[PDB]
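Okay, here we've got a single chain as structure tokens, the form deposited without the ligand, with questions on binding and movement later.
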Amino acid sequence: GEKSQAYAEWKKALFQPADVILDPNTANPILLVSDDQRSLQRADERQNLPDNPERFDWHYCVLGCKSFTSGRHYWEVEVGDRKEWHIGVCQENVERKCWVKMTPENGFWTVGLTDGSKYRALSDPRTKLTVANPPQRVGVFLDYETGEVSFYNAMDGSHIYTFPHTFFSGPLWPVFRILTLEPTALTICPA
């Protein structure tokens, strides 16, 4: 209880709770956004969607509906028993159509999981993470002004990863990515 309590108090001293919903107009055509816009699944094949400019056509990504240009913000994501996921932030100006490698140099700050047990930060090169207990819920923490993106196990307060401090260019968006077709959705925790 003490580690959860200190995690709650820290998030109150410093970070504004963001109420993040998924924008279906940004979602790759293989993704399904839930009607309440909190949950994400994958289809067996691309669905028939317009190719509007905001849509990720290659990467299996979706954005939030609000961006950040300043300030300290957090949100929490129920990854549950998923075997695969990536979450974090990206710049408004990322390449959405052509492939680009999802790295900080290309405007992406994400961590995640592959093959049930391989936790990685998508630094370049990728950082192999050591996680003592697989997180069911992950907190994403942004400080725009200091260039900080960090990740915690939201249930026990343990730290997962902090990217090197950087300089952002333009607005940042919450980003979510799933590659697999598996029973458990990715779900955003309401603020």
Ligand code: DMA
Given for the second form:
There are 2 protein chains.
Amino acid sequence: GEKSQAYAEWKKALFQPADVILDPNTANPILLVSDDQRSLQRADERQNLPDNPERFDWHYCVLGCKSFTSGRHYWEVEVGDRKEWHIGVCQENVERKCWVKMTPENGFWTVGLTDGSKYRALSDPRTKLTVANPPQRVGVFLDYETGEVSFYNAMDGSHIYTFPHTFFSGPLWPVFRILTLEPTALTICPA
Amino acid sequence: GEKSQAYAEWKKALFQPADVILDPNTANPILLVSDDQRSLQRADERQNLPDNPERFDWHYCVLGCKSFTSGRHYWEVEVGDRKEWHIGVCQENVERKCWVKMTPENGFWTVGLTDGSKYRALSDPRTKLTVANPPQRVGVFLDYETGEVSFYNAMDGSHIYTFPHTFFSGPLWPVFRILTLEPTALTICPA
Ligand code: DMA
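Switching forms now, from the form deposited without the ligand to the form deposited with the ligand bound, please provide the structure.
Let's see the whole complex now, leading with the same chain.
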């Protein structure tokens, strides 16, 4: 209905539609990236993969194949009924090898779901969210120039979370994190 | 200071500062508008005022003196330690005499506070807000073209609420509502 149409018209009016694909070279070894680079699952156990510098070795993260150094961009992710997932953006310069907390101070702007029902923003400390309708599809919205990262229910247009406006250092990558083994993959919607 | 600075630079990149004054001709007869038209209080009982067509006769509402038919606008409101208030925008065509529920379907976009601690967006159904620090000062952000109404803690830049993007009909007015008789006024910050 009207709320979906207005969500469509807003994203079209102001945000460059990103066509995002997963970069398997960056993916933590426990992650499985689909051949078409749209879908993300977790393996039972870490695969034997090279620890090249670009690969996340601690966090169960993967990046997109393109970064943003300017402009407004959006993309949508089919989270469906998956009980655990976090998505957003992170800086090129994040710690990929050693333990760090995924927080804006450490260069990550992400939100998501734990244990089926606990929505959080990964602020420091974590922000417990109240979500009246669990999203099946999440829109990720970036405005580089104003330091804005926001998240919507892409089916009904309802707002989920907006980080405080910040200042970004260097390129921002789409980032995806899953900690659990379960049937429903994360799937990127094509532009 | 960084969150405050980014909030300031965001308002400057995108939103025209509105210099909002209260129109006493619109004010429910239980409301008092200050001589400088920036402050709002509540009377013990309705005062004797003309029932001109613009006046809210049921709802404890008052409008700004200027409407918006286009563009990006913000204003900030000092709610201070008030236990109760609602602010936002409404259409020119809202029902002013009969009761109507203050919902987007009826042409009202407001959030506020009840009972000192219950923050709500007056969506339908109402959205329970979780607010980590009670705001003293609230920024109201309108984008007419994309049908966007959003609200921020104007002192730390944290986001409070964004309504689903919608389609506005006709001019929008700043609206302000207080239901309680309590020591702290509602006061508009000058541009
Ligand atoms: C691989 C792994 C156990 C990461 C989760 O990080 P965390 O326990 O600090 O939690 P979160 O980032 O979800 O707050």
